[PDB]
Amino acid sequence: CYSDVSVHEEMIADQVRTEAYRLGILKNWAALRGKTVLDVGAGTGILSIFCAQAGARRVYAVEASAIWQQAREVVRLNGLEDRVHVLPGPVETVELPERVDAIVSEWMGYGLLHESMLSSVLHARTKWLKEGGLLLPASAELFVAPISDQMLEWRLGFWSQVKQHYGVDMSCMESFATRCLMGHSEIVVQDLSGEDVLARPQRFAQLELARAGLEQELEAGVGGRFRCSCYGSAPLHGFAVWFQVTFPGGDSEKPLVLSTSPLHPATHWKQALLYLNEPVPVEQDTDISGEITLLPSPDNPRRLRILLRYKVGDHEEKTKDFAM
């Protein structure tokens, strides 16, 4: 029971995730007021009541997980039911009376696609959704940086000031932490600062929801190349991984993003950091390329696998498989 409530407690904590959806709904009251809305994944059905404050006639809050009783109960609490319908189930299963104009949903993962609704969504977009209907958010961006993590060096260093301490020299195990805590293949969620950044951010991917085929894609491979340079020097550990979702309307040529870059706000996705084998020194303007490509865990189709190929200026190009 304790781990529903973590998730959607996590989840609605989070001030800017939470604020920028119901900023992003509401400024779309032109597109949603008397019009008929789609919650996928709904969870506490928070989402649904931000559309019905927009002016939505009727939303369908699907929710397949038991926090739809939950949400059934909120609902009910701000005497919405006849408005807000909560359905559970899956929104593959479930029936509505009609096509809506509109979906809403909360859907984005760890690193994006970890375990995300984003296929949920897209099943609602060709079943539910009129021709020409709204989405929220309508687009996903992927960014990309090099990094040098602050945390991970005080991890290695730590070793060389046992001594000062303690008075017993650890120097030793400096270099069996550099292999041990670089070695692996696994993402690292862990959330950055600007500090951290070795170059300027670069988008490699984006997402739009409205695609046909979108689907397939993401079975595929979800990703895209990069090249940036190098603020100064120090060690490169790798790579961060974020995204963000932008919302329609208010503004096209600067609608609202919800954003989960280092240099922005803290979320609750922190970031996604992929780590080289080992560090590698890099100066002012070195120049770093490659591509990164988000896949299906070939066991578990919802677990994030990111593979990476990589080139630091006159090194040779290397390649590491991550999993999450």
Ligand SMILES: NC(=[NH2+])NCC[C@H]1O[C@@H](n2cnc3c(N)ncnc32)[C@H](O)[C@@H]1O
Given for the second form:
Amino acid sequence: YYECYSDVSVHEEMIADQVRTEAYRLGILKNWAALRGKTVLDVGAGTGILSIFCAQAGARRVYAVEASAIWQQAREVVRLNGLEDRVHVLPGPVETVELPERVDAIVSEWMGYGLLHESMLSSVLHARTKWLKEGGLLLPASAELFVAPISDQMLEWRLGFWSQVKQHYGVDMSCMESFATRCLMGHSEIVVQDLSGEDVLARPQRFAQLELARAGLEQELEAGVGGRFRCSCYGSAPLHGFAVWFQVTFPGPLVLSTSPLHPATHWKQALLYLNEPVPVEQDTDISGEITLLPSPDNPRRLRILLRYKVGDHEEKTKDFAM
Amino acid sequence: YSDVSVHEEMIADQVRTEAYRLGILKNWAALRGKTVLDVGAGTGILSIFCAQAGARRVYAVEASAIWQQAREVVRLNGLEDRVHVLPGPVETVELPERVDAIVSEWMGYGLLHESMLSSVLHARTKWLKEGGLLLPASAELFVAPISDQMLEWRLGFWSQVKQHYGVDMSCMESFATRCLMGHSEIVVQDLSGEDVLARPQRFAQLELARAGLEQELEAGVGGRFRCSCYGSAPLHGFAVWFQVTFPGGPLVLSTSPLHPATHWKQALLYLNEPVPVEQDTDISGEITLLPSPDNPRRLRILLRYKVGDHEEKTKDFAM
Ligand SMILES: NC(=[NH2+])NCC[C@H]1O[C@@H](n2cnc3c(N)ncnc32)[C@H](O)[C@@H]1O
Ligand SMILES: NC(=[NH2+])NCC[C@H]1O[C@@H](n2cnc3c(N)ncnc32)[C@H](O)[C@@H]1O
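The structure above corresponds to the form deposited without the named molecule; please provide the structure of the form deposited with the named molecule bound.
Starting with the chain above, the whole complex follows.
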């Protein structure tokens, strides 16, 4: 983990994510009145680009706390922009860092795949408890989870591939389709893949909301985060499972979304495949509940417990891990 | 290989699958009425190509659980009379006769990574008749110095941050070069002809009919090379790729960046830093493909090179 964020690739991926980086830039600059002349704490600053956005927004003092080796690159970026007097890159975890003062605001890019995989939300909440002033600002302030049933067209392509071999090469391989379905759908993994609007089978349902200012959100991460949903299918298509994505809200309201209906990001969406495709029709009712949990082996690994019911079928469950 | 994705990836590789189909079908005269051994048949698609080419019998040996799907595929094509799927490794399988030909899809990344060449050589010694047909029959290894254009854009990205967000990050290019080039790992990436700095050089050839080739793989495979640069560009390292040659009745399946792309792409051997070169800059050296000391299935590459008047350097790559 320390080895990943000390490398260039993940930071190159995060900054080249134009939708994400421009959203944080605007969400910060939009809060100029709340940041002008104030102090900011950046949890997991990486290269320090968000700390510099806060200084450009008028912040008097920004502390860029970064645990991996990339803090030495953040120091170089900050001096390269002539900002080391206002932006102080501090190495180490935010839980053991020593600030000279409680800060007026906390900014952090903490979200992982499925919102909570390999996430540093607990590190941000730990910094909110220890260093945020009473009534301080949080950027982003909240995260919203969404779910929708899907008919993954790419999966349908990989499933029908074996029925298409004979047209191209003359060898009938349609008997592979039953075997390919079990291999691509029978597993219990969370699949990270980006879908389009054509894949969405019903109206996306918002099933959970996390307000980062709430005390006790820390304990609820251990118990599990999620909620219940109900939707009606747009039309007839094979139900492959569900897509789970998130958005974060900045106090303005600016929204950074990872929805398939909105421009793509590096998070894509988290796909929960059923064991087999399920035929559904227009106005088919799909209800259930989804819980985002830490894996019992690794508290940084996202586990998702799915409970669902399709029409008159009996309620089923499935247990996913990243 | 009991999972579908690797077989789906192999068959979706149109350049690879069509080359094997033609190397088999164009050998109809040599395969008509003859027997074929398919080493690692997987789904059995190559064994059915050999049947259409005219083979009187094909033994499709497969060691993973995918042999049950190949058993179904052969039945679905009405060919279980002359195509027989036999489970287990080719080293312990019992055939009723020696065969006239061997067909096998055995090449891995860098030709010899997660390859089954030894199993094919084991089957050549045990089951192939004298002078029998091998499909493919040989493999040719190539090297060319490269200026990776994708690597240069990944390096130049940090100087472009100030234009969009107003934060200068050009100090990262020095740090990104060490991280993307200072490692000692074989990078599997596909290049184009624009990346090639000099005329590709063949530095080794493997003849699959040769007994004792298996012992030579364990000592190392490769040879020397010499090339002069096309023009001026930063030298980032060397790309290694292969081609397999079928006996004609001569079709070649290439993984060169100058030829249509395959799933093997090319094996990129990056230097620690970029090296400026110009037109007619002579690059000489030697490359050896070896089994890793930790894992004999894992490809290691010893690179020894000299750029112009610079001192001869070496670098030790693994997959
Ligand atoms: N946004 C994400 N999904 N991940 C961002 C992780 C970034 O925050 C850094 N980071 C993670 N946890 C911490 C922590 N407790 N304290 C400081 N930096 C941290 C990590 O080094 C990397 O730069
Ligand atoms: N990896 C490749 N270059 N080709 C695919 C390997 C295929 O050959 C099969 N295979 C590999 N080694 C052997 C062996 N010794 N005997 C039989 N089948 C084998 C493997 O199960 C898979 O279906």
